[PDB]
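Shown next as C-alpha cells: one chain only, the form solved without its partner chain.
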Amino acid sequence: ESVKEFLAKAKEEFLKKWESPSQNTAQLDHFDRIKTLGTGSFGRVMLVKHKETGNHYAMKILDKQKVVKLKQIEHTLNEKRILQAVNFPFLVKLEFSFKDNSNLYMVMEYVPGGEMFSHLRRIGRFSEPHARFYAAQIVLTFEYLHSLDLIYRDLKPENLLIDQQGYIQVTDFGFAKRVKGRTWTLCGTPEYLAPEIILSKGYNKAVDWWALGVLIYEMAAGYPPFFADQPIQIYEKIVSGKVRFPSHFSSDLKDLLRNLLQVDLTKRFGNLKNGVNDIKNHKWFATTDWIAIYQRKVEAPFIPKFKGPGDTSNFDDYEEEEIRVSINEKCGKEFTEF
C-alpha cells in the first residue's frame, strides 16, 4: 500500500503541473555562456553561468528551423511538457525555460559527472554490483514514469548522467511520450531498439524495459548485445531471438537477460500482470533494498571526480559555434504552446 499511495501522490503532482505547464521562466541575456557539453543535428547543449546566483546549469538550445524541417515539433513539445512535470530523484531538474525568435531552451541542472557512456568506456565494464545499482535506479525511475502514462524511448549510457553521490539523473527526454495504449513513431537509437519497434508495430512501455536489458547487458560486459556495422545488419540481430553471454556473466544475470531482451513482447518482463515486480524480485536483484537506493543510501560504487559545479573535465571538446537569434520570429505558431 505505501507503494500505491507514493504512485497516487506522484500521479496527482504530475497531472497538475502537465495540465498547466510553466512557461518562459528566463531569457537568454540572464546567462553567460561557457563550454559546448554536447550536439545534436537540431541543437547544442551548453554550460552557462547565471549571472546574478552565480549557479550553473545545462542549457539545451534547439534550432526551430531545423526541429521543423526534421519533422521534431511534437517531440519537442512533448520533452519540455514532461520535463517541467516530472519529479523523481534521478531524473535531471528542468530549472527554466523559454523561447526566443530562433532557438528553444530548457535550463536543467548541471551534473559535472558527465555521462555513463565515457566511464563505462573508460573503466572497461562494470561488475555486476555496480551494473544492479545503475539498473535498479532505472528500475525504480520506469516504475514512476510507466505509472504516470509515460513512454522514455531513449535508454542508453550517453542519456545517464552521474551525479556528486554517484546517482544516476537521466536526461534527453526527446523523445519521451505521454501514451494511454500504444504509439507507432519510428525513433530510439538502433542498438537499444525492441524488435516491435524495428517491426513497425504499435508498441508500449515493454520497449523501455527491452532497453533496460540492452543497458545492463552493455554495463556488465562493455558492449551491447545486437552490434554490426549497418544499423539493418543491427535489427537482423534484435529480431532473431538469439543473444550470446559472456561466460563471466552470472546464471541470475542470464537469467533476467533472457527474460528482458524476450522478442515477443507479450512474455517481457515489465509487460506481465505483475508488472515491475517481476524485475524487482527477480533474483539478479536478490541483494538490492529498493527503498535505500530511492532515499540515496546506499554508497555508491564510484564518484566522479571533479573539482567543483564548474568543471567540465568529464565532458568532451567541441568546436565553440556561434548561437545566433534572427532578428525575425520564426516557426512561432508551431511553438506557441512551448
Second form
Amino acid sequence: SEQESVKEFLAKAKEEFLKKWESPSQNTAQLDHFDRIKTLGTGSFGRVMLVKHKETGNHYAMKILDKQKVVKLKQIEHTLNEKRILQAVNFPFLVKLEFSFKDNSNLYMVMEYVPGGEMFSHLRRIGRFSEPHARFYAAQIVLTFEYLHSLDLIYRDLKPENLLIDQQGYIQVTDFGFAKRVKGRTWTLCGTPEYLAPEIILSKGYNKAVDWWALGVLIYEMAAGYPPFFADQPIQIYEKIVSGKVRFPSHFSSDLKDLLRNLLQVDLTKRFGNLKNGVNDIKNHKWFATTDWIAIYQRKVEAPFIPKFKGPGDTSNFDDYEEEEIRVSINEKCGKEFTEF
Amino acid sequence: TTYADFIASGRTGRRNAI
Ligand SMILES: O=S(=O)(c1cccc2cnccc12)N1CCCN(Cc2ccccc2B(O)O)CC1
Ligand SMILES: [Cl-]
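Got the form solved without its partner chain; could you also share the form solved in complex with its partner chain?
Every component of the complex follows; first up is the chain already shown.
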C-alpha cells in the first residue's frame, strides 16, 4: 500500500525536521576556508558568490548577507528563518546547505553549487516550455509542496526566479525566508505580485492553499512563456488576480486548461489542493495521467532538458556583475540580533 | 497579441518580492 508507505515516510520526515529545527547547526566553516571565483547575484542586502573550498576543491554557492543591511531592511526574522529551515529540511528538490557561519559584518550560507542556473533565464531564452516539459517541473513542485505542507510550512515564494535546474535536469528550490509554520492561518502581505493568491491581496487570513494557486501561476507561465496576470504596475496586476478571469493561449491543451481552472480558483472551497482529498486531486488530474510520481521522486525519469555544463565551476548560466570587495569590519555589527545564526 | 502586451508591461525581467 503506497498510501501507508507515504504516511510512514512523512511521519519520519517530520520527526527529523523538528529535531533539527530545535537544535540547529551553527558555525561549521569560516571565510578563509574558501576562495572567491565569481559574483553570481546581487540584492539589496546581500550577494551570492561562486566559491571554491580550498581543502577539497569543491565548488559552492555562498550567500553573503550584510548584517547592517538586513537590519535596515527589516529582514532579521526572514534571514534567521531561512537558515534555520535550510539546515532542518531534507528533500531531493530542495537546495542543500553545506556550511553556515558569521563574522563581524556578514552572515554566510554555503550551499551546493548548481551550475545550470535559474529556470527563469532558460524560460525567457527558449520562450516557453512544451507541456511535457512543464509537467516534469510541475510534478517536482507538487511533491515538494506535499513535503513542506506536511511539516506545516507554507512556501509563499514560488516563481521561476527561485527554481534552479541541476545537472540531471531536476529542480532545486532555493529560498526559504518567507516559509512560515502555519497549521491554521496567517496574514502577512508577502510574495511576488504575479504569483499572489487573491486571498493575500484581499488582506484575508490565508493558509497553504496559496501555494497551490502559485503552482497554477507557475504552470501557466512555464507553458505560455508569460504569467496569467500582468500589467505595468502591481496594483493593476492585483485587480486582474481578484477578478476571477483568465485567458489561455490557443495552444494550451484541454487537460491543461482544466487543471489551471482548478488551481487558479479564487474560491477556496473549490481550489485543488485544498479539498478533502488534498494533493491527490492534483496528482490524479488528467494532465498528470502520464506522470510516474514515484519515479519523479527517485529522479529516475529522463529530464526533457539538461543545461549546458563545462565543468564543476562553469558560470555561463549566470549573469555578469562587477566584482566588489567582501569587507569584514574590525567591529562586530548587530551581534545580539543574530546570536542564533 | 497577449505576448506583445506582456512585453509592453515591462515586467519581463526578474521580479522582486513586495
Ligand atoms: O544565486 S542563486 O541562483 C542560488 C541560490 C541558492 C543556491 C544556489 C546554488 N547554485 C547556484 C546558485 C544558487 N539564487 C536564487 C534566487 C535569487 N537570489 C536573489 C538574492 C540576491 C542577493 C541576495 C539575496 C537574494 B535572495 O535569494 O534572497 C539569489 C539566490
Ligand atoms: Cl533580469
